[PDB]
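Take a look at this one chain, the form deposited in one PDB entry, written out in structure tokens.
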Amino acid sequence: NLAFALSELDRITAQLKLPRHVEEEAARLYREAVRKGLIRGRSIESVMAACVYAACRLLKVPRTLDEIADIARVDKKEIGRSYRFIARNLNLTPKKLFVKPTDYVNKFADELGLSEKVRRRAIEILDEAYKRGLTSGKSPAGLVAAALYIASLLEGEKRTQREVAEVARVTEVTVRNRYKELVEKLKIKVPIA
């Protein structure tokens, strides 16, 4: 079963283009779970997709649960339960698995057509949003999408709400919502066109 496990990890890592250290952390977590029952009968497909999620979190390599859910052929149901299970079942703490919205800026910026200037302004907006307590409860993707959108404008490398919404995997309405709040509450002076 451990043979089929590592084989699915290759599908996951190939589809997600996961780097060696993340893939290796996923496998190591899995064997760490093997020694710990792996539950009476928690699916061999569920635990590994869980592991890759926790691996990406532990290593700060952003990977929205959506992205891992489809390529693994399944849903947030058993995925979430096995994740949540293997998480505290192991040495995993909310602090170690904690991923900031800024942790997604690089991946999404790479897909949008980079520029360290833009990535920097987005991280500043995101850091500033936290300090001004405007982030609690909001999803990371929605906040990073708006920040990235606002930064592209500020730095003169405009990207449309539609382009940003598609890489972040949120709707344009969500980007519009987060972006309008960030602009007003942080008093950002966004230029025209």
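Residue numbers count along the first chain shown, from 1. First, how it differs from the form deposited in another entry.
Rigid-part membership, decided by the better superposition fit of each C-alpha, is shared by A69 and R31 in the motion between the two forms. Domain rotation between the two forms: smaller rigid part turned by 18 degrees relative to the larger, from C-alpha superpositions.
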Second form
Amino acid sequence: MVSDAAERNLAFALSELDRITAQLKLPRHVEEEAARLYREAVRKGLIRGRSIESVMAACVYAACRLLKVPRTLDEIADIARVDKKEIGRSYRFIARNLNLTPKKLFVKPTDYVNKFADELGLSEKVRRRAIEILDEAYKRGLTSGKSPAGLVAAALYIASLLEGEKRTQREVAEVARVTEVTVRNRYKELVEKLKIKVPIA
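After the form deposited in one PDB entry, can we look at the form deposited in another entry?
Since only the chain itself is given, any partners or molecules it might have are not part of what comes next.
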């Protein structure tokens, strides 16, 4: 009572934000943007109905999407105190309400290609061929509706075979945070529609 209940809830939310950024090794500018969005959600009364954990986790993801920091939602879900379903609802909800449009939140496939390729130790030759396949899939109308990470995983997979630096469907799936079946579904589709020839597997 020298601190309103708002203030104590903000301190709790800021501790949760600090815990997430330290754990994900997120840069200061991202953490600051997450905090700014969170305060906006509070100002607009957008917390009512959902957990502070839920909302702060969504503000960190929204901040990564606004600043083009290629983190996947799952990395956050892994350390957030709530599930993907719940963080996804809070995230779509506060994005809608803070006017974070599809355009403002868009992150090019290329940025994920580089991020995932880093974790996979793949060369710039592979990155290039994958970016090339993603550009062709987009021109042909095969990308809409599909999980973007699923497409990146499958283009890296295909390109790793084609450039002799093979990685397994399971490996790419693990770093892109989707299932192997998804990588497999996109792989098949990309190979036959773009007529891609592959050594072996």
